[PDB]
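Sequences and hints are given; from them, build the entire structure.
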Amino acid sequence: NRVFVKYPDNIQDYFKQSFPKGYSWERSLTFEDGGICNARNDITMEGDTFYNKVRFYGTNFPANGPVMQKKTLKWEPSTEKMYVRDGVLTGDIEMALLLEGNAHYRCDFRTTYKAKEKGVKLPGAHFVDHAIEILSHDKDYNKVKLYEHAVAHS
Amino acid sequence: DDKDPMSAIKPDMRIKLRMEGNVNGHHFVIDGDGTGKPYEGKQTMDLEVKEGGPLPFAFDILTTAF
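Chains B and A supply the protein sequences, listed in that same order.
When the letters of the first sequence are read in order and numbered with the authors' numbering, they come out as residues 65 to 218.
When the letters of the second sequence are read in order and numbered with the authors' numbering, they come out as residues -4 to 61.
Calculated pairs, DSS-like style, for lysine-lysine (alpha carbon to alpha carbon, straight line, at most 30 Å):
{"#": "1", "chain 1": "B", "residue 1": "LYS85", "chain 2": "A", "residue 2": "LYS5"}
{"#": "2", "chain 1": "A", "residue 1": "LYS5", "chain 2": "B", "residue 2": "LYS145"}
{"#": "3", "chain 1": "A", "residue 1": "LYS37", "chain 2": "B", "residue 2": "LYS134"}
{"#": "4", "chain 1": "A", "residue 1": "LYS(-2)", "chain 2": "B", "residue 2": "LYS178"}
{"#": "5", "chain 1": "A", "residue 1": "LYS45", "chain 2": "B", "residue 2": "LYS135"}
{"#": "6", "chain 1": "A", "residue 1": "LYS45", "chain 2": "B", "residue 2": "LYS134"}
{"#": "7", "chain 1": "B", "residue 1": "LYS185", "chain 2": "A", "residue 2": "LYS5"}
Hints listed in this document are in silico derivations from the structure and should not be mistaken for laboratory results.
Okay, here's the thing in structure tokens:
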């Protein structure tokens, strides 16, 4: 949820300007070994609470690969490029998962973001730096505590 | 302008979440409860698998979708 970004005063904040009605995003994750995920979130707001309706579908992950074998460690901090693509606010990023055994597993992301209200002004092209990390978890990841920090610039 | 800049987006806000889906045919439901500071660019969430656990794949592939 890109509403949780520190936007400076000289960049238009599409995400905070999308409320109270909300916005939605649609994302493709394409991994180096052919794994592919499609993810989407509908984000609304009621009072002080953001509500998220999330769907996640992944396929074509090799049985012997690091995703099905549970060999990942963390995502590396990275920078999303925000720009208008065919009239829709779009973010592209090249992300990387650290694996066991001094290796990385790369993934391209494209996300489109759509304000629910017509007439929300599209921003100029900029960047969003972020880092995401699991702070704690159960042995089988039945319970996970997650944290993210993000800042927009340029 | 005369408008409350934070009429909608407050300095401290809560988060609720439900995720449904499947990876390589393995289905799951995961709930989330969290808090964040929009103008600081920070958020934290406690996630719990409600169906399909223990997940047979890397939890990390899900985390940017919360």
